[PDB]
Amino acid sequence: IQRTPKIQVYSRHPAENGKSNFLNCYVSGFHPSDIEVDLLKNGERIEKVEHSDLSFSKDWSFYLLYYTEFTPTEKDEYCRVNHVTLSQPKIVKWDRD
Amino acid sequence: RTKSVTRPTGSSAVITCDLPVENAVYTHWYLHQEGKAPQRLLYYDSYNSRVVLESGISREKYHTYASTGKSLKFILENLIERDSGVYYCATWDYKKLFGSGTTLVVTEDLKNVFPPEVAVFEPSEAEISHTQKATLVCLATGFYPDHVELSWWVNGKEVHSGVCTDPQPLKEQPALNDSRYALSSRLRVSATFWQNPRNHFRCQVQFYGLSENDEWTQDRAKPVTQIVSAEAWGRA
Amino acid sequence: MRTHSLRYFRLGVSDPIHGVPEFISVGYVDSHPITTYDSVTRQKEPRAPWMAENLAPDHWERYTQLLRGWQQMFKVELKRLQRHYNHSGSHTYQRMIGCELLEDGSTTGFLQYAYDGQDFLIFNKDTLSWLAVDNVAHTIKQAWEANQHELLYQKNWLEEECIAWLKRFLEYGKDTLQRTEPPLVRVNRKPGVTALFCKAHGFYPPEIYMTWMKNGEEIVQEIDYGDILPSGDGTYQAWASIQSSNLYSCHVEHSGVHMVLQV
Amino acid sequence: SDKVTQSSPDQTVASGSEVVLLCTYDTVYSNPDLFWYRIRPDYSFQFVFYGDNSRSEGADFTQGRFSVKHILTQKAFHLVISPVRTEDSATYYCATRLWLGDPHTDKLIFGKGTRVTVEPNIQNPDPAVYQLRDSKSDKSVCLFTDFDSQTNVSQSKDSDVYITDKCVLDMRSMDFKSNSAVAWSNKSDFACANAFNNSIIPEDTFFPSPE
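Just so you know, the sequences run in chain order A, B, C and D. For the first sequence, this note's numbering begins at 1 and goes up steadily by one. For the second sequence, this note's numbering begins at 1001 and goes up steadily by one. For the third sequence, this note's numbering begins at 2001 and goes up steadily by one. For the fourth sequence, this note's numbering begins at 3001 and goes up steadily by one.
No wet-lab data here; the hints were simulated from the structure.
Quick partial rundown of chain D residues pointing at chain C, CB under 8 Å, derived from the structure:
1) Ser-3030
2) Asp-3102
3) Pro-3103
No farther apart than 30 Å at their CA atoms in a straight line, the calculated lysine-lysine pairs in the BS3-like style are these:
4) B:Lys-1095 with D:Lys-3112
5) B:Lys-1073 with B:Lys-1061
6) D:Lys-3003 with B:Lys-1061
7) A:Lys-6 with A:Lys-75
Backbone N, C-alpha and C define an ideal beta-carbon position, used for all residues, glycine too.
Taking the hints into account, I'd like the entire structure generated from these sequences.
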């Protein structure tokens, strides 16, 4: 009885073009703790990645956050997650709303 | 349950904890005096096996004896007149459970100590007819250390009902330093009980005095820890 | 006057990926990690500097020994569960203990065990009992309930020690725990018809309430809510969404304060 | 963390009344742990009540007779006894708990204490002075008994005569409480009639003659 994770991509600050900011990927509600998480810049992995420590939820689930410092430009497009509950690594796009 | 000890000045004293559980990981020690607030003196840690003191106390003033299965003990050194009081052990099972405690009195001069004399006075004929109750009076006189425990025993059993003892004694000499004391107690029972000659009443004063280690150099007998007593019988 | 919660979590997995350890225990004061112990290091160490500043090393030594013993017990318990369920491969075993002080005044204590993420056994401190979800869990319930002294110890820990631990922890890290940072509220306009977004950001206490109302009259549950997420600097953020000429106002309640933005 | 103060002075009250004990705490913590403890004349040290901002729990012996008013704004933790009984006369202290290490290693800080004396209600006073029989033959004993709680005892005029203070005794089988005072001396001109002449004697005091 495993539940698929929930992906959430957003920005740390109101995303204005040409400004230093942090892109945040928040994954929660996955029962197995072995996951693969990557951040995408123009469909390519960002290697200057940073993350918090793996945490616990009272409903026996887990949550984590990945982040990095960058500068948003409208040309660039911005999470890739792979899990045992996932047939394929699913991708989420950034809405910038 | 509360224990009691009388000691001279400059000697060392031993105190035993009276707690539900003999051995505790952290055991605290508090002192109480009539005027001041209770204050924590120190606490013993079994894991580090060391005492932790508070500010303003010498490190070589108190220490601890930790038996494997027995209640832990606290030992005091260089007793000063200001060390008199009542000491309680404490632990933290659900709240701070203080023990039965132990009273300690210390005296500078050991030639001023006298044991008490106990007398029992029978009820008045006027009271036995005016009222249906009878009152026996116990008087303990001529004891210098205010470290006594008074009890009443009827028919060989200690009685807790209908007995009153004033909480503090009075000075036999009100103006003299290191003056002897006097204490009074009262027992009231039904007149039917007193008129039966079969009934035996006894007033017992446990006097806390010198120990066997102390040395006596006076013409009088040794004021040792003793039990003084007086007794009376029913009289129709 | 806010809901604070101390928790300790233990997790184990059978035949894991060699990168993943076998047993891990982590504590939480306000859902941010406070401590960490794992089978690889076999040592309990803080994960917050202020807690390490105000604690003696012997505490870490004692709890490292205790967590070694608890790791061994956790492994044997998971093996027994796999034996009973006839399950082979890799499965998970989790335990969560702790207490909460609520903002309404009530206090709670809990201790639960779960197998493969599903509830297995829950403690009842008032009944001093165990609620089991299965006959396999009934066996463990019968075995554990025999030891009355251990159950009394757990109940008294949850009702007298966990609360005290929270009381000292909230003062050791009062700057990082009792702090308050107000949120910044902004209104955004923007598929033919679009709604106006009300957004708050930069508040440390995650407790936040957001409503839309027109001239003192709220909307009947047409406000499409948005999830609350952390910024990463120690703050959070949230957003909400609600032609005719009507005046609307956004009301937002944070710790102690109600603030309204008008259009 | 620094100080706890008991403003109310020591008081003597009557049974069946309500009494309030005042206590103010100077703490740094946001949710401190406060306690009320009592010391009886038998020196028994027992936990009476515990309170925080949220909760309030008392001892088993209180039996609903004890309450606490904990008001945060005034920093006040007051003890309220709605039914008062003679089994409550004692010295009461209020304390705060300071955490420094393990919860078992904490410390309690107490106030200087308030002494409360619960005088009994004598429904049918029979103020009487008796001369006790000299058993075993060096003093003579005069006893004053069965007077209301309002009458107060004072010391003697002559230093050669010793007089004690009030004493409350409860006959448990008969559920009857009485007051008493003792007096003695050595001089041959000493009699029970003039024993308590220096105190406020009730007008209806029995002075029996030698039977």
